[PDB]
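So the chains spell out like this:
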Amino acid sequence: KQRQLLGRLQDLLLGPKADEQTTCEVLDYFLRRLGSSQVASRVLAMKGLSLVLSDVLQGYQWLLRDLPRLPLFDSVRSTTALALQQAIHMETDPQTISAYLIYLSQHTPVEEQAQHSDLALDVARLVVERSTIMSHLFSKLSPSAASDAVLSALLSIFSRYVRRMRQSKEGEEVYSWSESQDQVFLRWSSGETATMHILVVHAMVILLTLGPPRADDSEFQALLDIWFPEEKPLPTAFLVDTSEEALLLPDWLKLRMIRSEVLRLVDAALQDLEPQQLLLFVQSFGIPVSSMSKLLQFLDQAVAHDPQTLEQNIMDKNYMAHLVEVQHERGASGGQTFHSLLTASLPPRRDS
Amino acid sequence: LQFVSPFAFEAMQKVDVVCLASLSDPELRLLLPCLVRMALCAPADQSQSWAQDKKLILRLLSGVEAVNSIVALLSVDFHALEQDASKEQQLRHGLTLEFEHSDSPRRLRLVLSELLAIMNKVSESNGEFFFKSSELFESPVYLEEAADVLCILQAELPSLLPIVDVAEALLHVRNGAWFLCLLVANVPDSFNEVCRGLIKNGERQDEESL
Amino acid sequence: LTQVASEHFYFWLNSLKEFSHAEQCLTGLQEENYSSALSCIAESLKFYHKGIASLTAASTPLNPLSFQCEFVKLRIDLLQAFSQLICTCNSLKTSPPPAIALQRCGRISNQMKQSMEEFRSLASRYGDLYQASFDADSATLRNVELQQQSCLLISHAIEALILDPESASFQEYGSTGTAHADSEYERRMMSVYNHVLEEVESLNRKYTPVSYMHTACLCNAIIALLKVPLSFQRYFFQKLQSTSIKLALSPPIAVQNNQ
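Residue numbers (the deposited numbering), protein chains in the order written: chain a, 946 to 999, 1021 to 1318; chain b, 15 to 107, 125 to 241; chain g, 550 to 650, 661 to 810, 818 to 825.
Treat each hint with caution, since some may be false.
No more than 16 Å apart at the CA atoms, straight line, and that leaves these computed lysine to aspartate or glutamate pairs for EDC-like [what the hints assert, rightly or not]: (1) b:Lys69 to a:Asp1059; (2) g:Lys595 to b:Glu24; (3) b:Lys69 to a:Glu1227; (4) g:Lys672 to b:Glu79; (5) a:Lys1220 to b:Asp98; (6) a:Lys1106 to b:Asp59; (7) g:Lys642 to b:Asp59.
Which residues of chain b face chain a? A few of them, derived with a C-beta cut under 8 Å, are [unchecked claim]: (8) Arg73; (9) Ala86; (10) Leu88; (11) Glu131; (12) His132; (13) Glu169.
In short, the hints are calculated from the structure, not lab data. Quick reminder that beta carbons are idealized off the backbone N, C-alpha and C, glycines included.
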């Protein structure tokens, strides 16, 4: 019974008989289950959608080629985009996330500023809040063509978003009763201006940390130069509510971006680092050897500059001494002066 | 899907660190909780040989990022968690979305509550093949890999949970055999006791029951 | 193996071959190496399990190999106990104490409790084998007594080093070494017993109850006991003084409760 009814519906939708009311009602009767927390509900909804609709990524053509080729696609495109933006945080499979990201990149409602801002916000929530899925999408163990494609898509989305914000004129009505207090006015060193969400900034810098895509790097290089120019002051933003120094690079984000192999990012981040943050960073793990060497070099510079304050900020010098010792054993350069300071309050002990 | 290689388990039983350094990265990720608990904790032995071994272990595990999250899980005070678990147990006498949005102590609390609930359900019942009492062990690592590491930490720090009852409970989990394997791998001395505990349930083949 | 013609004799010869191989595996031990010690113990357990499978295949109603089966079972269980004890000595450094916390090393304390229970049960089972082996000669009884004494030595070492050194008011100081040993194996077993006992006394109070020295001395004692080769005796191969009881009686049965 169910199969025959589904087959009859297939003909009623794929043919010219399809209209706004029937298609919208049928889609809404299944789109609502996508955002449902029940995993089985969303799986069944997606499978039914695939059944209704019907080399690289041959098993995902139902979303790339079949679904867009719908006469009423433009009518429900905003609804589809909104539904995917709500379900992007509920759904968990990395490949499905990849397919959603590619569809959003290809089929963005670019014409409306509000829709672009909302899509950027949701993608930033994905990048920041969801880290394990982020690890899956760009797994260094098994890099794949899909990973490079979604990385390029995210770079394209963020690049076009910042390019659209560049077009904004001064004195416009963009300054209004913003629904989010997190909106921050960003001013570049070269006199450019734009208003941005700090979460989107965090997402943009995190995307850079993943390294350059193997296929295309023009977008990556362009974004990197826009955000991190060489031998020039970096862009700074001030909170519109209070005109105070916005924390554009929190400690966790800085720690994350040291891990990135890009030398420019880590060199920019290391500049003007306080002793407590420096100690917190060298306490962390997973940092590459060259970055570890640069951390030790900055530690040596801090010791040469202001050694007395560094002593007061150390909770326990034993762990730090052991850490610098094992890093030296690893082959990291620098830290000899810091190690000497740590060994000052560590007299010789019993042998064996 | 991956399982800890037998060579790695034998290495941890023999507590020799050179071959552990020679071991590959995914196996290190599988055995990561026990390695993290090894260093950056109390010396226990207070012997210089174990000090050198701990130095080698710290050198080995420095080249991976998940240990940051593991240390974050370790920093949480366990007295409050102990009291909460005991109070919940006495009182009794989406999950993955919350897991992603929870910090270390809330993650410990929720997963420990779920594990205690499943343990109590197994103990109260006659073990009549409780197929799946939870849905927080799905294929993405947010419910699989971090969850398993967290479960290993829970089996370690709040020691009130005996390894045998956790082992009995894990059988009823949908993908619990892998969790059992890695948990026994992270506690090498527990192999024969968990085997004894599991073997003492079910006389015949149960007519090939689930 | 090829010369034999029957079934049970073939399985018996195969089992003896496997036990000999398992014991030749024991000769690979060297002092202070514990990883290789555990490896050799595991390999010997594998060969012993194959051998005991073959042996229990050899049992028949005519001359059922009761003593051999029980002796091999107790040898396997003793080796398994040594393997678990080595695993716990490694767990001292493999499973550091919880931050919640001589109950600080809770897991090690519980594991040593289990090890003491297992060795006490092993000693009791060796005593049961001794009592059951009435037909056996003096040499076989002395060998089984030596095995039970090894089990009791490990148990007492566990107790004194870990569970309660305060309760260890041992009067071991005496003429133990002056005993007249009737065999090289017996003499070596008594010598290692004396050495381990005097080693335990020196560590009675010199360290904290879960010190690394305690486990070091304990596993040193384990490898020292395992260094000497197991010696079989007469009753394992040749059985004499075969005596049994028919035990008839006057009896699926019922009777009035009043009567």
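Numbers of unmet hints, in rising order: Of the numbered hints given earlier, those the structure breaks are 1, 3, 4, 5, 6, 9 and 10, listed in rising order.
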